[PDB]
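Asker: Residues per chain, in single letters:
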Amino acid sequence: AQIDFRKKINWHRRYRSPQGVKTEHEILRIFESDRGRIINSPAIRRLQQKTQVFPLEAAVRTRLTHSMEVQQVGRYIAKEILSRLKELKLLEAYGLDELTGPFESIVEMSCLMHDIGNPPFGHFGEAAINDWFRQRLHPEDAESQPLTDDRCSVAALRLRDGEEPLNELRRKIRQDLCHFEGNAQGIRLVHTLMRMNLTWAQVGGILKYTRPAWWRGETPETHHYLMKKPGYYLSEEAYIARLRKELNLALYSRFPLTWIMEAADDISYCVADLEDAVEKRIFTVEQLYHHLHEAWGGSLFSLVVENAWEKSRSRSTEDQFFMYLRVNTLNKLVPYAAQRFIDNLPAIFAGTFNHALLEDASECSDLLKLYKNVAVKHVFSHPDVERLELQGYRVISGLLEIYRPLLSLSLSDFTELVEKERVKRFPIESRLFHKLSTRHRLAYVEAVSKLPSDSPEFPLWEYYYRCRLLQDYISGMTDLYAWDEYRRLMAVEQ
Amino acid sequence: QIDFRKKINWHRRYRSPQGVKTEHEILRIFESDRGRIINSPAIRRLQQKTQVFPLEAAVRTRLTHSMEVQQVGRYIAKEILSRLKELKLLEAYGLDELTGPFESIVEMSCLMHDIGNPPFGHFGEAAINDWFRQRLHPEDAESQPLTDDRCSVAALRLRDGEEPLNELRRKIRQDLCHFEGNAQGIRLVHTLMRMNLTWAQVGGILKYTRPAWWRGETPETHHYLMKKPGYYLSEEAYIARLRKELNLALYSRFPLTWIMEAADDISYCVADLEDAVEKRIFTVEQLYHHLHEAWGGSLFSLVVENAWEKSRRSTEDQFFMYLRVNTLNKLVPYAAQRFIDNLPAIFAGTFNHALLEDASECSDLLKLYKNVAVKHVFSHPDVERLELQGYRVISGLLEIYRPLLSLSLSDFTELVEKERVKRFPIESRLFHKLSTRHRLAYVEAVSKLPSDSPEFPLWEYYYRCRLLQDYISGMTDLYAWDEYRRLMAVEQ
Ligand code: NI
Ligand code: NI
Numbered sequence: 001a002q003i004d005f006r007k008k009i010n011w012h013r014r015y016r017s018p019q020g021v022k023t024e025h026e027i028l029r030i031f032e033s034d035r036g037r038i039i040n041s042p043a044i045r046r047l048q049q050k051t052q053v054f055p056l057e058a059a060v061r062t063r064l065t066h067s068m069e070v071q072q073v074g075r076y077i078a079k080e081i082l083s084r085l086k087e088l089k090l091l092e093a094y095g096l097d098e099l100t101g102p103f104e105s106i107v108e109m110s111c112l113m114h115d116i117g118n119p120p121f122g123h124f125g126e127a128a129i130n131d132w133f134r135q136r137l138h139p140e141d142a143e144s145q146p147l148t149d150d151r152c153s154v155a156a157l158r159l160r161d162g163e164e165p166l167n168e169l170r171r172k173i174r175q176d177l178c179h180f181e182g183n184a185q186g187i188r189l190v191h192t193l194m195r196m197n198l199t200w201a202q203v204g205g206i207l208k209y210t211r212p213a214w215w216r217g218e219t220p221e222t223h224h225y226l227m228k229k230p231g232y233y234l235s236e237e238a239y240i241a242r243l244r245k246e247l248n249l250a251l252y253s254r255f256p257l258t259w260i261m262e263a264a265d266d267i268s269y270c271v272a273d274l275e276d277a278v279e280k281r282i283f284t285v286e287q288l289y290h291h292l293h294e295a296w297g298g299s300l301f302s303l304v305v306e307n308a309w310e311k312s313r314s315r316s317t318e319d320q321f322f323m324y325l326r327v328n329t330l331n332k333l334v335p336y337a338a339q340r341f342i343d344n345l346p347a348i349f350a351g352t353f354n355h356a357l358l359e360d361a362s363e364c365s366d367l368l369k370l371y372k373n374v375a376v377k378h379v380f381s382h383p384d385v386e387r388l389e390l391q392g393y394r395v396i397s398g399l400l401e402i403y404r405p406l407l408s409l410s411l412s413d414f415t416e417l418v419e420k421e422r423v424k425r426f427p428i429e430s431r432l433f434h435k436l437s438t439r440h441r442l443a444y445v446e447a448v449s450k451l452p453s454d455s456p457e458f459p460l461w462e463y464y465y466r467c468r469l470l471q472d473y474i475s476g477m478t479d480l481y482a483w484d485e486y487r488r489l490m491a492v493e494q
Numbered sequence: 001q002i003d004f005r006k007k008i009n010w011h012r013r014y015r016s017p018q019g020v021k022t023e024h025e026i027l028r029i030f031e032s033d034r035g036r037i038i039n040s041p042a043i044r045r046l047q048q049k050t051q052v053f054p055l056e057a058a059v060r061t062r063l064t065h066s067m068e069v070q071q072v073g074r075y076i077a078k079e080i081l082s083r084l085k086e087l088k089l090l091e092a093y094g095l096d097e098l099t100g101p102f103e104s105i106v107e108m109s110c111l112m113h114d115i116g117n118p119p120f121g122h123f124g125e126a127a128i129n130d131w132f133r134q135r136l137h138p139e140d141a142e143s144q145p146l147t148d149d150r151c152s153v154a155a156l157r158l159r160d161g162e163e164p165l166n167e168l169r170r171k172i173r174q175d176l177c178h179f180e181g182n183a184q185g186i187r188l189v190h191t192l193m194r195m196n197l198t199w200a201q202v203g204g205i206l207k208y209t210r211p212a213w214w215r216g217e218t219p220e221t222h223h224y225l226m227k228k229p230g231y232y233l234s235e236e237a238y239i240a241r242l243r244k245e246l247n248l249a250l251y252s253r254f255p256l257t258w259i260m261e262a263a264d265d266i267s268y269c270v271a272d273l274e275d276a277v278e279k280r281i282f283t284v285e286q287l288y289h290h291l292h293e294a295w296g297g298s299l300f301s302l303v304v305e306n307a308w309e310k311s312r313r314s315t316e317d318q319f320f321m322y323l324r325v326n327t328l329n330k331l332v333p334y335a336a337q338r339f340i341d342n343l344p345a346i347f348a349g350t351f352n353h354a355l356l357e358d359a360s361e362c363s364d365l366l367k368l369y370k371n372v373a374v375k376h377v378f379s380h381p382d383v384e385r386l387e388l389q390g391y392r393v394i395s396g397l398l399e400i401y402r403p404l405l406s407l408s409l410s411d412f413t414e415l416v417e418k419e420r421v422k423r424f425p426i427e428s429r430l431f432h433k434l435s436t437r438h439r440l441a442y443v444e445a446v447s448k449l450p451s452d453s454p455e456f457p458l459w460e461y462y463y464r465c466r467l468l469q470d471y472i473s474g475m476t477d478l479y480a481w482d483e484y485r486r487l488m489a490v491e492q
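First to last, the sequence lines map onto chains W and B.
Mapping to the numbering used here: the first sequence position 47 is 47, numbers consecutive.
Mapping to the numbering used here: the second sequence position 100 is 100, numbers consecutive.
For the record, the hints were derived by calculation from the structure and aren't laboratory data.
If we take Cβ atoms under 8 Å as the criterion, some of the chain B residues that face chain W in the derived model are:
# : residue
1 : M67
2 : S314
3 : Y479
For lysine to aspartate or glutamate, the following DMTMM-like pairs were computed, each having C-alpha atoms within a straight-line distance of at most 25 Å:
#  : chain 1 : residue 1 : chain 2 : residue 2
4  : W       : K435      : B       : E316
5  : B       : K330      : B       : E361
6  : W       : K89       : B       : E97
7  : B       : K85       : W       : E104
8  : B       : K279      : B       : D317
9  : B       : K88       : W       : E26
10 : B       : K433      : W       : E57
11 : B       : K21       : B       : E31
12 : W       : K89       : B       : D96
13 : W       : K435      : W       : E416
14 : B       : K279      : W       : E485
15 : W       : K332      : B       : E31
16 : W       : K420      : B       : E316
17 : B       : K375      : B       : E316
18 : B       : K433      : W       : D384
19 : B       : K422      : B       : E460
20 : B       : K279      : W       : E421
21 : B       : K330      : W       : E24
22 : W       : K435      : B       : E56
23 : B       : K367      : B       : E357
24 : B       : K370      : B       : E125
25 : B       : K279      : W       : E493
26 : B       : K88       : W       : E24
27 : W       : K435      : B       : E278
28 : B       : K330      : W       : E26
29 : B       : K88       : W       : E98
30 : B       : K279      : B       : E316
31 : W       : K377      : W       : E318
32 : W       : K369      : W       : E359
33 : B       : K330      : B       : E103
34 : W       : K311      : B       : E25
Coverage of chain B stretches by chain W, computed from C-beta distances (three or more under 8 Å per stretch; other residues unrestricted):
#  : stretch
35 : 33-39
36 : 57-64
For each residue, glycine too, the CB sits at the ideal point set by N, CA and C.
Take these sequences, add in the hints, and give me the full structure.
Answerer: Dropping the structure here:
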């Protein structure tokens, strides 16, 4: 092989693509166009009110501010990597000499969008959606040979005896629909839903996992880490294939700048969650310092944490302590992350590298695990947080049940509903339908129209795309919007 | 005579970097600035102060707006630097090793451009000033001591024969009635949050150069830079040191500011229109017609009509994508060109115009967006009601804390020192409710004073009022509203 980043940092687009030879400048302007597209997308503002950890009530992080923090850390790691590469006289050799700006920016924006796909109430929205679609589709009963009391409630998707091609499609659909995941939904959102038409490189930095959502069974040994969670849905399959071709990815391989983004997320996530914890008066700073000292056991802790504490004891103490905790943490981990990226650059470039930059038995990872431990033991277990998670789960389950009658309809009927807009014998599901976002309905019409109308696959694909539509609509909501819809449609408030 | 090494100053007020530095070490310093800002509570507090509409999610907040402005500022900065490189002027102006810093300072100046604003924005302003006017009446201190001086504070009332003390009284009364977002921003970044930014960075926040205590007309040659107050009587010393570190003449301004300002103008106009359509006030076609009518190969044809033609994904999104893109592709180059064309004056910090404020077609496009906005959006009864409400809320909080300002020096001082005073239950608890940061700022400032001087009661009262304004202006919309409701015993 060889490391030529010109072959990875691909400034083409899916639609209306830039063509031909380009100035270093023209390339830069393209990736800046990407920045504009993202910073101005509704998806991002929607982040400015999805909950991070605490109920919104102002100084507490939201998905947005967290994403901005991650962006900053990503920038710092990218800059350290590029700078070390310049000191190693390796920048030209790796084809990065005219792509430093793009490199940096792709990382920054990949960070900003790392949460773009998450549904309201985060991992509990996820939980709610998957659990609901599991109770309706039971993918576990499609694992092997057709079960004679197949628990799935959808006639079309139930495994029928003798028709193994159709049965395989049924299998994939049922598994896929029960594996909604923030990142996969993120790819879907950026491409099919918002139609942002980013550069291939930029979309690549969003693809954080490489397992198909419809995946059943164990993951390959050699790819365990990159396939921890679903990375793309059955729908984006074609798209993801083209993406692989444009970014020179082997199957289940990942874009490199992703590894960078990931590391940034880990760092920011840990430290910030602790600071917010102190801000919500859960524990004082001293209490935090003791929990850390105890949960640990010239070492790293001494440097980062104990020096942060000593600085803190000689502006406001909470702010001083956390300023220097952040600073010291970053000054230890960011160089390490950079060093790991470079040391492992062949594998990371290939996109096959089966570890995180930080996931280790290295002291650095242990520091991160320390923050995460204190967080999960003394913050995420707090009754107000837990209550909010419970509530969110009820709200999303509730909405899904409210729109159930859209998924109850036969192909004939639902299609009639799409075409006539307002159906006389179907008042409720007509109005339920109108309540779906035009963006999402459009995506449905678009996807269904591209189908072989007479093929036996059609009812299956249609049902899939219809469920896909409903999940699009729900996952697209902010916490407050989802909660509010739930309350109004339950006729609890006007 | 343009040496940007003399403006892009990487020193700090406290614990400053000293000596010779690598281009890299300089970069790392300005990145440290970025970190300090992006992680400051002030910025998240922006993620819920209202921009135009009530929070209810797709609508802009002070934060998202600030991010949009940041992007436009970055683009303008890059265009300026790039045009300077094409003119072979980059080395000559001392920017060849400061391109990263240049860009970054602009970006962050943008992100912080709203950091100072009080809850409910210009109506919080209104409320604060109007309240302190009813209490201090600066208009009665304009000239010679008035014998029925309407001011209700014994110490600050103009007394006959004592013209030095009278001048101090004059400045204090005028200053306290001229609370302004930007001045409060300087105060916030420096005295309150103690962020200790670089001088250059603080400089990009200083948008106006008129002292808050200014009375009478502004100089002819500086009319534009002194439209609004830029710094309070307290930050006076600080601002002086800032002038020395950034090589500013009196009432002169930092350059990168002009850039930030232009970014604000652009993204503010376009965005407000988009959000207007999102809140279903008018459709896209309705908007296009309001624009076409309110106008009159020209610019409109290019930017707006081409946006509309492209528009005919979702139509609202397509139209606004290309409206934003075309607008930027016209105005950002122009802004850059204006910055460079006028670089001597802008560098000096004396340039008496905005990059965009003109009779130039570009400014007219902006004025067009602003006109359609102010006529068909800001006049919408729901916006107006929110402004009215906000003014009531801030006026209400100020009245609620009034008894802290009613106390004598002796008594209020006793309150500060003993923390809980037995004969003063209410004002004790009111006092405890003030943020420790703000109270600390008060103690800090008062302790530095000549304890026996006749100026002391005056300065103390000033700093006390300063304290209360710090606390109120520091709130988010929702927090201020909520405090007003709870302290009125309307909700538990
Ligand atoms: Ni995250
Ligand atoms: Ni603004």
